[PDB]
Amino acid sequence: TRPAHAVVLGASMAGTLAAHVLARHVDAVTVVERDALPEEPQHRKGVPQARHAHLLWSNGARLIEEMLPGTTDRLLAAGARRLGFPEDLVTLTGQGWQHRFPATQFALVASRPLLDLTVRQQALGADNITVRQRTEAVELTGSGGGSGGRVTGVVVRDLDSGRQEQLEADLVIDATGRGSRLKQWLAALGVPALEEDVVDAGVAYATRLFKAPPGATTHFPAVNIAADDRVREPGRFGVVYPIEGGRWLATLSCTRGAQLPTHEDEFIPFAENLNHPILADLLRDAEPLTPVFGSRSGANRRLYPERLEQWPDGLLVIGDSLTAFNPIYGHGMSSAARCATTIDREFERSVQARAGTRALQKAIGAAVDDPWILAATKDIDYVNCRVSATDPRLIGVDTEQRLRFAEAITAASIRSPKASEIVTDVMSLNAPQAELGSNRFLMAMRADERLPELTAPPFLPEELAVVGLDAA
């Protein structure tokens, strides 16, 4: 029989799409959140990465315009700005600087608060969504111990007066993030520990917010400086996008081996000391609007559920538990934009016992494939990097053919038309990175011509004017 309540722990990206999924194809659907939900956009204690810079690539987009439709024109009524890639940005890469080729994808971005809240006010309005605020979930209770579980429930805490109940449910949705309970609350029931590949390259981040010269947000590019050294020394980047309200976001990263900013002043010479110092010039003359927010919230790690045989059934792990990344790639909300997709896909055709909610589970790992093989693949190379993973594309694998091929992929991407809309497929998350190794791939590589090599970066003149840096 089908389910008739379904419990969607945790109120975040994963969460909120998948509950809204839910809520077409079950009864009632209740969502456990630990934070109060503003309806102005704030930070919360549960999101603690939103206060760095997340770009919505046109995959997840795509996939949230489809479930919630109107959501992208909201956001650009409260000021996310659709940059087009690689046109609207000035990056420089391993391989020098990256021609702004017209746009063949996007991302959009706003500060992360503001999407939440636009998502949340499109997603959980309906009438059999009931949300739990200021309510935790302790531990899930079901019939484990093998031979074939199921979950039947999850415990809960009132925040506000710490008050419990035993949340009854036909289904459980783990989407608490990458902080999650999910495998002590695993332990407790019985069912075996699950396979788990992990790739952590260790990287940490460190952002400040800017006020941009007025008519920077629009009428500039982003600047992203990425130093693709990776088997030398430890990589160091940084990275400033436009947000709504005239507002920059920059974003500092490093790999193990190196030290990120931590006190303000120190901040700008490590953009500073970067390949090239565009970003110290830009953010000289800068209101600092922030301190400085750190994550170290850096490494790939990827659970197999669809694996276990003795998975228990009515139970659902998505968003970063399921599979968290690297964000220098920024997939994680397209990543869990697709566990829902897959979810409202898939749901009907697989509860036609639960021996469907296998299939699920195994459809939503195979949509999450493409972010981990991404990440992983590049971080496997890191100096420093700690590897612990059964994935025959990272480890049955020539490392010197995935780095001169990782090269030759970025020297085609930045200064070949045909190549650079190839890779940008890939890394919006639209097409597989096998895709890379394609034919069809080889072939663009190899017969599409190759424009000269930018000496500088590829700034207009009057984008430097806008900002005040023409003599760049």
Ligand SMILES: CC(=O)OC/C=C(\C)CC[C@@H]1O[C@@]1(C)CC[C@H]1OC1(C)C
Contents of the next structure:
2 protein chains.
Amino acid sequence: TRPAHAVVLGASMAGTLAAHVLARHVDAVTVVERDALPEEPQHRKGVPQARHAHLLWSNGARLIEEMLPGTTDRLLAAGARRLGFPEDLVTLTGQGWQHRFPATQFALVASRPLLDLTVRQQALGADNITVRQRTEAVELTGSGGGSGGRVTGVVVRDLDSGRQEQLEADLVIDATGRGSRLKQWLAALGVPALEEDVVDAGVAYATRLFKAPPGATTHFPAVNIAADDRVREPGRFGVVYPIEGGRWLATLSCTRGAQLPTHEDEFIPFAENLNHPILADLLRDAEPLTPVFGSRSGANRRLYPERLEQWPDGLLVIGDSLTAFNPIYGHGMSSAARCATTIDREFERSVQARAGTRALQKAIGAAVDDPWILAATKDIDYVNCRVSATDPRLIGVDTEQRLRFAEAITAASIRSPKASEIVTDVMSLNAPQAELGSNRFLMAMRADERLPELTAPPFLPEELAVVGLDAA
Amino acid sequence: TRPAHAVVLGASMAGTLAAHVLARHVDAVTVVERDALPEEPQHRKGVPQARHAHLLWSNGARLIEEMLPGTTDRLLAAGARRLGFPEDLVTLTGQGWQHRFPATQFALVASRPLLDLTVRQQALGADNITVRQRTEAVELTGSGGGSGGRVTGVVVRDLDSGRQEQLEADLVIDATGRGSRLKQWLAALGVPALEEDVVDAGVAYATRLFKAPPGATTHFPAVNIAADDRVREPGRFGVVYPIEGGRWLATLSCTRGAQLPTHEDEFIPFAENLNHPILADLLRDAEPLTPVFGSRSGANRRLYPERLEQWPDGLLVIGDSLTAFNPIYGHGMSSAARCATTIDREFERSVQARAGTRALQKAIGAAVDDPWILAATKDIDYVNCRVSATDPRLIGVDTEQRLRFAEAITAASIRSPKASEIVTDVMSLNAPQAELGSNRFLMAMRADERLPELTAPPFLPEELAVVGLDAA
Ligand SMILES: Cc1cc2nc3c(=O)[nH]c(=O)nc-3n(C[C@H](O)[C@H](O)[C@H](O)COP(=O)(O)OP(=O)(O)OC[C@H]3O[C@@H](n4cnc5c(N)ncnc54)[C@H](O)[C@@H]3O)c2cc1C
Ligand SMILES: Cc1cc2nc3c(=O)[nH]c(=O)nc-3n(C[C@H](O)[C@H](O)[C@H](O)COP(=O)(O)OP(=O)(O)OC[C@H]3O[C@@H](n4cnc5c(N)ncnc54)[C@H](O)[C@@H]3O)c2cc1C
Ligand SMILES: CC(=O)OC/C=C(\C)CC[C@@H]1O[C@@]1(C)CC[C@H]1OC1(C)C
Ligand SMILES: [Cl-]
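Starting from the form solved without ligand YK6 above, please write out the structure of the form solved in complex with ligand YK6.
Then the entire complex follows, led off by the chain already shown.
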């Protein structure tokens, strides 16, 4: 019969959205969150990635807006900014500067804790959602492997008390992020291991918060230095996004074989050694507000529970636990919104053999293919890249043809409007990566006008005035 | 690599939309249509159903509008009407008259040949679609059976000539309607027979065109008379929709075990023996413009090429040939729009070893599940219904439970606004039928007000003035 009680494990983006949606179809929804959840925008041990820059692409923004009307207006009231792509950015690519064509896509930019709090507020207010903060999921109960295994509940442990308790449920949602022990829990229940694709370029991040020159959060574009020669050299990148409170979030990145700034005095010299020193120039005399924060969670890994015949009934895995991506492309939250979107849209059809949770998990798997195959294609050809994947779209490919086509796509997007719009659709997770091989894109790539090469970064004079620069 | 030439077999609703969509992804697209296609709105031997009432539910209309912008305005320019449900209809159900709540869904109503021509106009004009009229596809070429056979092309026969040239293609789409020889073509090439669910209530139709009282096509609602019972007696129904040209399209229907008006003189007496004589009264002094047209195509059929592992590469089946429904629910065209919509949205992702066509056919099959189980559930329990199906949602269900819930839904839909909106979402193919078992709907069914039972059909006095009637 219908599920009556659902336990969502984890209360970050994936868990929160899935819990809000399940509450519409399930009588009772418990959320099990290890951390205490602040009622003020504040960092916390469970989401350490929140220290680094976070783009909410249009896909995620529009999907969240549909689940939770008013969330965008609430975020912008709080000082968030809607960056239009490519209009509101100064971007250096491997092929040159991006012409700031009129915005055809957008991302919402803000400190991640502000976005998390604003979503929790809109989503977890429901009467039939009980969130148990300071509570840790320890393992899953039930049988597994063979014939017809199912998950019956979850053993949770109060952290402030230390007591343990078995929490029974008809449905269990693992949303415990990239560091999920699902594999451990599954081995405990006697479930055979899952298929796992991995494309790991060894990306790491180093981030500092800065106080921005007055007005730069609204009248100065974001600046991104994303040039790369993947097969010869490890990548080195840098970004400066505006966030709320007149602040600049500056995030530097590299791939395996390169070295990030460990100390504060090494931050600027890394931005100086990029293909253009604009970032070092912008941050030279900005006031630093934090030390350097680091992250090493940059690998593209994807589990395939939809392929496991022994997948236990009543168990779903969403978010970073199901599949996590190279954050340079900023799709983690959008694909979290996708998983909750999919649960909302296939739940009723799936509960009418409990082939309904394996149907849910199958629809969920399809929903996250777009960010997986985008990040895996871009990263697969880096020098030193660790690759362990069965995806035929990656393994049996003529690599030099792949990079020649990669350079063509970038060369078209930076200097031709029709080719730029399609790329932003893919970059904003609103169109599949395969659209860039479509005849439509091939004809835009060939027939559209190509503006001249920008010799200097395309800043408006006003914009250089806001930060006290001119010339290049 | 990508397919280069696609042959769409059939140029009705399914074929035309698929041809327009394939043309966006395929360099060359030929459509093979048996009939000659008129440039003026006219009936034709290939679409004999066009004589009978045709509702374009909101689902189909919005899908067509997105693929072919401007089609809605063109239809209404031609005199079509957008019926708002339930506001613009006078409907008798098994549980009483439907309260004309403000419209929460809509259908486009017009003569089917008018809809056919204006969609062909918007769709087949493309540079890379050549339509060869008066040409019949007779059988398929290629390999087949065992491992992974493929279809190489189609043997076509020029009709005005007697000629018989083979037309090769990378992809072939069977859109030849309910009376397609697909099964013959597949058996000849050695592919095993496909799974087929059928729930056939023996539905037949009898239709007459009438000239409507001046203004009634704009200021008088559609009138729908739907019989109550199913388990004791065959159903007897009638509807009168306004169509373009100040005309009334009147279509009467019954299920197996009843007798339809076969000739002209028993039309009125059949609408006279319905549970309310409003239909016979409305056409008593109207001018009949046609003789009575008949149809016996009322069976719910669903093929499962997504289930056949021996399904030939490069072959797709869409439209009525893939799955056909009891037209009382008016979803055939909406499910055609879905099939081309699904092709358009997963073509690029799937042809990227033709493991892509079997993915397309799986995506298409999912798109047509909603009308299938929306047409099979209502019909499954009719007297005399012949059923041969593997669908667990029909075979393993408590008959009295299905019936008890059916009347509860209708009793709620006719007298409660919140319950009415959800039902119209489902009936207009905008929500899966499983939504009517949702917690959302169950609490709408229980918490929303129930207006008093309507004693008389709910015509406004103004409306009866337009047609010269009064009383009940
Ligand atoms: C450096 C970096 C930059 C990123 N930038 C972007 C970006 O620009 N845009 C974007 O869209 N995405 C970005 N991402 C990805 C994004 O942060 C995640 O995809 C997003 O947070 C969704 O993760 P999640 O909800 O699945 O789990 P997480 O966000 O990782 O959270 C897991 C939650 O589960 C809880 N939990 C864990 N274990 C247990 C347990 N045993 N019991 C109870 N609770 C538990 C944790 O406390 C936490 O609250 C970035 C990621 C990184 C690392
Ligand atoms: C009585 C009745 C009422 C209906 N009412 C509604 C309604 O209210 N709403 C709704 O949405 N749907 C309704 N339908 C269904 C709707 O008519 C169809 O679903 C719709 O026309 C889509 O069909 P199709 O394009 O797949 O094939 P069809 O419309 O049946 O057309 C098949 C085409 O293929 C061609 N063809 C066939 N064989 C060959 C061959 N060997 N070689 C070449 N060409 C060939 C034919 O000439 C024709 O052009 C109704 C159907 C019937 C029978
Ligand atoms: C980096 C490379 O060659 O990999 C292939 C590139 C692909 C598949 C598309 C990515 C776009 O080329 C990028 C990186 C430029 C877009 C940015 O200008 C923005 C701000 C819209
Ligand atoms: Cl991190």
